Structures are given as structure tokens and as C-alpha cells.
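Note that one protein chain of the assembly has been removed; the remaining protein chains are unaltered in position.
Labels for the chains are A, B and C, by order of writing; each one numbers its residues from 1.
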Amino acid sequence: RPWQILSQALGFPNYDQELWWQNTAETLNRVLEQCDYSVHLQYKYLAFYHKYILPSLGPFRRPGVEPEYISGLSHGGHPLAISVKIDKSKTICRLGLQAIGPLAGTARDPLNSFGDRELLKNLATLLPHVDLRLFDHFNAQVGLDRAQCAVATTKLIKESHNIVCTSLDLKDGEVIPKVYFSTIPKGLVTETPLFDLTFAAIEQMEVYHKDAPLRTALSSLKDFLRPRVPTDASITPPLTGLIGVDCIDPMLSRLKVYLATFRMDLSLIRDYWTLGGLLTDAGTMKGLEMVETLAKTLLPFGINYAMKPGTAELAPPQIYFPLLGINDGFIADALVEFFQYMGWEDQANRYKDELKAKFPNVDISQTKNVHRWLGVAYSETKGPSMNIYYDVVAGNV
Amino acid sequence: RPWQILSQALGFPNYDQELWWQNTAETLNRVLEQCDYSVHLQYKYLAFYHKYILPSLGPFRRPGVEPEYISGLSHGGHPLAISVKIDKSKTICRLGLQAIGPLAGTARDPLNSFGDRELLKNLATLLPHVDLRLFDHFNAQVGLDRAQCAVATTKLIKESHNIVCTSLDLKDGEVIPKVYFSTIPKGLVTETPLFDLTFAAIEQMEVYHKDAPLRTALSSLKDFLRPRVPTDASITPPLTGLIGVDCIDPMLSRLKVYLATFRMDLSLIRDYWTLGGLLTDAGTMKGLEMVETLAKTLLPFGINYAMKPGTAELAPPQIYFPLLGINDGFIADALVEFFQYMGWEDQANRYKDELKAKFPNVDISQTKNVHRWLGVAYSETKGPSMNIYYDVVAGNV
Amino acid sequence: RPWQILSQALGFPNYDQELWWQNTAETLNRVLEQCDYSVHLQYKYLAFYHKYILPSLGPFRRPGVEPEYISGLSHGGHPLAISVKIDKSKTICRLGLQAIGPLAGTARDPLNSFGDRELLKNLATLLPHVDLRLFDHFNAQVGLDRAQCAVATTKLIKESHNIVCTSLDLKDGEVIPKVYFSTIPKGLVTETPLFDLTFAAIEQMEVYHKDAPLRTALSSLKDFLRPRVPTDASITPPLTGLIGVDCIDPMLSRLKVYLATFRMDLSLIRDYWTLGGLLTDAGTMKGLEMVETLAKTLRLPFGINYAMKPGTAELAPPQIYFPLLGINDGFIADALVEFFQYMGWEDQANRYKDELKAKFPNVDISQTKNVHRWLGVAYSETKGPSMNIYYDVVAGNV
Partner (left out) sequence: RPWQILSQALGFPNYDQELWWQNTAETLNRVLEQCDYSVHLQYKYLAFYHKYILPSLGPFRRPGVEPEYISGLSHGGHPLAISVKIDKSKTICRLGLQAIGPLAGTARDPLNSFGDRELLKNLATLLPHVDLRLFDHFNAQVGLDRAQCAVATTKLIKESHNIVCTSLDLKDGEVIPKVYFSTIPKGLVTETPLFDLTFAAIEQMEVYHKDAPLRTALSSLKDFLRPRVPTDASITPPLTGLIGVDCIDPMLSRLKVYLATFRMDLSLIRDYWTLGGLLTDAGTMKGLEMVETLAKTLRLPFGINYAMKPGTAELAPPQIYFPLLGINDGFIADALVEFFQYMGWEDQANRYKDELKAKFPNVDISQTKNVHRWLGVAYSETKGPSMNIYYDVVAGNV
């Protein structure tokens, strides 16, 4: 009901917003039920979704209507994904989007440079613990003027006309925002190595100057990345495509460096997970078993090197496997095997039924688009985790 | 929580809307709890309140800030009241307002002629059973152009610069809108008897031409009213001040004619309740006992003659007693006596505690503003009812 | 330049408004120059267009993007027309549109029942002389609820999913709004003779009760129309399709009853122009010559508009509207020139064609058959003769 009561109570300012609801709210409400969120938080997150996210989602692509802006975040072209973060004992719901501006994909705003900032400006008046300083920093570092954006669109596919995209964790009672920034556009227009802009942009952060542990960690990473990535201006995998940050106090925020690569295998998994033998402790290795097992039980691959200040030691990345094009029925079973392997019996026994329940307009045995990415993680304190990124819209036709 | 979760989830577009919430949402949420509305309807009605009513409420009058528009609906000047309709076994929650336009009280819109229509235009896209035909009819009949509105403001007190105000019943799962239209402005500017415009406006309704029962009832009423009210253009009590309609299919809607009067006593109660001996059956009389008892157990008085099509027989009115200036503690006790008298023991045992619970920022023993009006009613099928109109804001300082 | 300064100063809230301006504003500006509107009035009217009309125009239909709402006001489906009203000595510019609501053509608003009322509500705060009472009246008499609107859409072509459209006279420093209301939807849904509801709705106007001259004129018109139009619920020509009003003081507003009809010839022109021999004065007959001459000098219905002002019991000849959808605009240009000479309007004759080319320079008139859309003709006792020409701006800009 909560999605229905809110539709009933709030209606819709235009038809596209209505279409968004009708293809994402039921699933979202479902996901929240399945994660054992309370009714009050179901309303909280859905009300929020309605007010702030619907308008940010732009037009709804569909037969007959072709937006000027087209997103990479999904197969149909829609700037939305819902993911979950699965733990031993709990599941968290997360939203991913690009906030579409009303002139995006036109001369006036080729790369959708404004809307994500506008969304967050609103979340800053809404939420008390939201912080725009890291955003503003990287936006300054990797943003482009109109003429530059225009150039960038002549050398990029329609799907990748973008500098920034946004995430929202529905964590505890809260909305935690995260933004990821693309270096590729600037790299292309300035003809600058991606490595160079990535670390130039990072080295100029306020946090960086005042936190020697971080500064150290970065060096470890630079030294490991330098040989593995291009030292010229090519877009040759593996590359430093994305920079990610949490929209909170800079000192407390994780700084994420992401690699994009098409070639993945056992040696490379190892190379990435351990940073070229740099990591060899028990945990690093227990986590390495995880990931190899997952790969055996089975768009670029993605390696995410996350870094928190007041900490000089790097840690294993999170590794992200593309699933686009692979049957969702098989994946459902795969993930169940792997959940059993991890000793997550509850998660194994419910995954597939619940998956069906998230996306009832579809038969997963015949779809290859709904599971889009999956990432895996190992932590010392928190231990293991899996993030699964779904294409809500694909799962709602 | 529901008022808090929605504040948390939705925030506020400007400060005035925030102030409205902080002085009306808690009370509203409370009232709904007390009427045994379900959580899903608590959210429904509160979400709706947030989206559509907050913006319509205009500025929030307060020390330091004096809106150009000032409402008659409340003591502080705020265009809002919450009322309840108390039955034998149940209670319904109702909202009353004027929808403030962004230029209201200025040259461009002296009488706030537009905002109520704009609100309802939105409720028409929201709700499927909302109907604007009766509105448009009476708005056409009693509305005024800019120059006329300007004139009307030079001959009316600041509190009465208005043609229309709106009501919303939170009934079952629904929002049922009602509008009341003021004849006084047109009467003043056109120097036309109020009686004449009131019935001229009524006689030109589509329903009227096609429904001989109604046409008959109206005649009974006209004949009864004609001697009791002014036949010239004065504003002399009793007068035909307000015309009211339900915003549904014209055939199904109750047409309400309201009298305003300052002189009330036992004979006049009788005169009004029975329409000058016209009504003498058992029910009319059982209802007459009710009302005399209520008056004994204790702004103009108000008499509301309601009329439905496909029905030629008039019925007793609903009579409305002003409470402004009378201690709310006394009234609380009064209403309890009268609830006991009616054999509504449950309602008697809870009124005062619940009243305190609606308005905890206040001590009712010392306030004379919170209970504002009270109306009483008798029906054949539905039987007896009491509507109590509160000044939420007054009850929230 | 004025259209370009305003584009420079205001930009656009979204792309559709940009497209609308890009296919629309140059022409509008040009038309104003050609009509000898001052620079300050050019800005006035273009600024107004930007703020108030662009947002009302909805999406801009175009390859790849198919709005949910499709308008009958133009060939491409765009809810916009620019017309002009030509006199002996002066020309004035007018705009015609439907104001598109954001849910128009969907379950929530099938017949676009709200947007025009919103636009006018905004003109009511803008302009001091705008009056919504007649609009509200006919919107009450002829408007439909959601469920009704839905029924109506299952019996009407996409192009006619509409109750009302709006017009705006750009007349001597001001914007005069007019609205036209369609009787068809309510006819279909209620299964009621169009005649009966047209006149029921008119017979309940406040004006009508307090103005016996009008009450009379109306009777004349009915007496003439009754035999000529269906007495049943059919939608058969000639029919009372549109009721029109000026959005000003009711006592000062013209009430307009429109007929649609496909069959037109010389006996019929005469019949409509004179109201069945009822009119025989010199002016009537000079007007008849005017009109007949126009028909001789030359798919959508013909339109007859019977206008009536209050405090007047005597009917007057209608204005007759000729459809030009499908006929070469190169010919029409030449046709209109002959007729301008014939009327003794040498200046208008010597300019028409060149100035037409100049309104619509992305197009060859010689090749197009959709730019000139209508043309109406009028005789008045005082003002004299008048030609209104309705263009399809968008059609003239692709």
C-alpha cells in the first residue's frame, strides 16, 4: 500500500513523473519490505522518492518519445538503478541516478552539468548531515564549460555524455548521498592522461593537505596504478575513469578511485585484490577466496579502491562484475550457491523468490537485463558484503 | 510519527510552509489518531496536506511579518481551521481554508479571487470524483472583476475581503471538497438585495432547470426567507450571506443556503428549525429538543438550509453557534454534559482529555479562542450529529 | 532583433520552450513589424509571448517525440496559430492556441480541461481588464467530469480531444483574450441535440436574463437555425459546434454562435449572410457582393459566426470562414491580391505576397498548401469591411 497511498495522496505534476512511479515505486516498496524496513521508513523513503527523485529523473523514455538525454545507468536509457547491499544478517536499499536537467542533451547543457548539484542543494536544506564541499571540489576539478562540453559530446557515445552521477543510501533512518565524477570528458578535451587529472584533482583536496596518512595511502595506490594504466591521453583499459566521494564532512568521507577494465581473469583478480603482492595478510587472502569462488560460480569490470582519512594503509578494493547480457535466472541460482558457500543460508533460501517478487512483470528465466552489476567486498570489522545493482525499469515492462 | 516522518522525508520549499507544519501537523495527526484513522490514511491525509494545502495556506502571520491578506477563518488571521463531525459511534476530520494567491490583498487580486480555483484544479487531476461545474457556476454568478473587487475592499473590513472559501472532508479514504461562496461583495458593489442575487444565482443552475423537486423546495425556502430578510441592498441580519456547494456531479450535490444573524433566542431557534411551523413531524421536534437543550447548556449565528436534488421537501437546517470569546474549559464540560444527554457516553468520557491532547501547547481552562464554532444537525436516516470547528493555530502557540 | 534580444535575456526553462520560440518567434516579430507596431509594442508582445504563452504551448511535436496531446489548430498537431486582421488602413495581429496542461491526453485530463483556465487566471493578475465570468459560465455549462471526458475520447478523433481554445488580440497596446467552447463533447456524452445545449447554455447567462434586446436577437437566430440544423443528437452539418465569448465585462462582450458545415455554394452563402432573406438593407447586400466575389476568386468545414452584442435586438450579417487547408498558398496569395484590388485596398494588394514571403522565409509559398489555413470575411456598419487571415506558423517554419 504505501506506494499506492502516496500515489493517491500526492498525484503527479506531469505524466513522465507518473510513468516513473508506475515503473519503479512498486518495486522500490517491495525491496524495502523484503529488507524489513518499517512502515514509517517505507513511507519516509517513498515520500522522499516522490518529491525529490521523481522530478530529477527527467522524461521517461518509451516508444514514441525519445529524450534529448540518454543515460548509461540502464539498458533502456533510464537514469535509474536500484541496488541492495547484502550482509550476513541484513540488507540495505540504495538508489542510483543522474539528476536530469531540463536542458540536458541540448546546446545549453550538453553533459547534464547542473542537475545533480541542484538535487543535492535541495537535499542540503532537507537533511542536516549533507555536505557539498567535496562535490564542489571535484566539480571544480573535472567540470567543463559549455564549449568544452560540446566538444566532449562529439567524441563520446550518447550513453556517456556525463560528468557526474549520484547515489543515495537508505541507511538506518537516513538518506546518505554519494557522488561519482567522471574524468573521461576532461581527459578527452584537455588531452591529459586520466591518471594525471585523477590524482591532480585528488592532491588539491583540502583533506589531502592536512592528512598525512591519506597522502601516504594515495602514494601506495599511485605507485601501483602508474604502471598498470596509460601514461598518455588514450582511453585504454585499465583506466582511472571515476572518482567517488561521500557527501559528508570531508575528514569523515571515503575517497574512491575506480578502475574500468574489460580484461579480467584469475591472475588479474589477484593482482587487483592484493595490489601486486602488497597485501598478503590472512584477511586479504580470505577475501581473495571469496572473489575467485564467485568468479568461478559465473560493460567493463570495475575495481574500486576506497580510502578514508586518518589511515595510511590501503585495503583490498571492491570488485564489480558486469551481468548485462547474462540470463537472470542463471544468476539467481549462482548467487544462491555463493550465498550457501558463504554460510548465508537465509539469504540463499529467499533470494530467488524475493527476486521474482521485486519484478513480477517479468520472467527472470527469460531476461538478461535485470541484474546489471554485482560487486563484492571484504572488510576487517564488518566482514563480507555483496552489492547487487538492478535495472528497475527493465524489470518493470 | 507520521507528521514527523513526512517532515523528515519531504522538508519544506520555504519557511512559511515550515511554520504551517509546525503549528498544524501535529494537531492534525493527533485528531486523525483520535478518530481511529489507520496509519495508511494518516499518511495519505498528511502527505496530501503537505503537498497541496501547505502551499495554498500562504504566509504564516506572526510577530514581525504581516501578510497583505488577512483571513476571517481564524482569530490570529490564518486561513485555516480543523473541524470534526461527531456521531454516535464515529468521528470525521475536516479541513477548512481559503487558498491564498501570491498577489492576494494587493491591487492585482484584492479579494483573493483565484487561488481556491487553482487548488481545486489540482485536486481535479489528483482525485477522480472531483467536479468543478458547480464551482464555475457560482464563481461566474458571484465573482467580480478587478475594479469591482477594489471597490468591495473599501466597504469591507480587512477580515472579509473574500468571495470563496474551501472545505475538505477526510471521509472514508477520500478527500471530498466543498466550497462556500459569499454574496456580500456583489451585493455591495451592484447595490442588489442579497436575497435576489442568492436566488438569481441559484435559479440559473443547470440542475435547477431539470429538477422540479429542487425547484419546489427552493420556493418553500424563498417564501420563508423573503419576509425574514432584507428586500433592499442593506446588510441587515438576518441575511443570505453564503451559498455552499459540494464539488461533485451537480445532480448529487447538496445546495446550501446560509443565513447569518446576531440575534438568536428560543423562539427564533424554533422559527428556524421548523421554517415557521412548516415542519411539525416527530423528527423535526426531536431535533428541536436537541438544539434547545444545547443552547441551554451554554461572530454571527448561522443557519444552513441544505437541499439535495430529486427531493421537494425541505428539512430542518443545521444551526451554528459562535464560541469565540467563551472559555474553552467551560465548553469542554458543556459538550460533555450534552454528549451524556444524547446517550453518547464514549464521546463524553473522552472529549476533554482528547481535546487537551489535540492542543497541548495551551491550557484550555485559560483559552477562549480554540473552540470557534459548533454546529448541530438532525437527519432521518443518519440521525444526530455535531460538527466542532477548532482554530488549530490558536491552539498551537 | 526584438525576438533575439529576448532570447538572449530570458533563455528558456526547458527545450520545448526553446523549440517553440525557434519555430515561432521570428514570424511573430516580423508580423508585428509589418503591422507597424512600435518597437516598444514588439517587445511588449514578444516578452508576453515568452513568459505566458511558451509554457502554455506544451511540448513541441516533432520527429521522435510524440506528445500525448494532439491539437486540431494546425496541420503538424501544434496548438498554435497566428492570424492577422486586415482593414482598409491597418492590420492587427492575433494569436490562437489551446493551453496545454501537463497531464493533457491522459487518464487524469483527457480533454485538456484546465490549462486554458489557468492561462486566463494568469492573465487576470496581469491585465486589469480581463474578466473570467463568461468563461466560468460556459465552462460550467459545457464542461465535463473525468469519466465523461474519457467517454468523449472514445468517440472523437485524437485531433478533437478538446473543449476550449483561446485567442488573444494584440490590439492597440493591450492583450484582449477570447475563448471558444466546443459543444460536441457534451452532445456526444449526453446524447443531446447540439442546438438544445448551445441555447440552453446561452439562455442561462446572467447577461441574458437582464437584457431583452439580446433575448430577442437570440430568438431571431434560433428561428433561423432551428430548421437548418439537426433537431436530434447527430453531429451533422450544419451544426452549432462552438460558442465564443470575449473575456471582458459580460455586458460589453460579444456572444458568438458558430456553425460548421461542409456544403457551401452561392444560394447558401446568401442564405447565411442574410439569415433567410431576413436581412435586406444596403449594407447586408454590399457585404454579400463582397463575399460572393471572394468565393468566385477561389479537408475542413466552412464556418459561419453569428456575433451578438448586448443591448442590441437586431442581428447582423455573420462573418464567413473559408478553409484553405489543401490549397496552394502561392495561388491564395495571388487570389487575396485580386480581392484587395477589388476592395480598393491597393496598399494591401501591393504588399501582401512579398510580406507573406517575409513572414515565413524557411519555406517557398509556391510549393506549400498548409500555411494559409483559414480566411474569414466581415462587413460592419461602422468599421466597414474586414479580412481575417489565419496562418499555421509552425507549418511556415519547417
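Methods note: contacts are C-beta pairs under 8 Å (C-beta built on N, C-alpha and C of every residue); 3 or more make two chains touch, one makes a residue touch a chain.
In the complete assembly, the contact with the undisplayed chain comes from A:117, out of A:117, A:161 or A:178. Of A:139, A:182 or A:396, it is A:139 that touches the chain left out of the display.
Listed by residue number, the positions of chain B touching the unshown chain are 11-15, 18, 64-66, 68, 102-103, 106, 108. Contact between chain C and the absent chain runs through residues 1-2, 5-6, 8-12, 39-41, 43-45, 47-48, 51, 125-126.
What chain A contributes to its contact with the hidden chain is residues 101, 103, 108-109, 113-114, 117-118, 121, 124-125, 128-129, 131-137, 139-141, 143, 145-147, 200, 204, 206, 209, 249.
By our rule, only the chains that are shown with their structure count from here on.
In terms of inter-chain touching, the protein chains here all touch one another pairwise.
In whole angstrom, the spacing between the mean C-alpha positions of chain B and chain C is 42. Contact of a single residue of chain A with at least two other chains is seen at positions 11.
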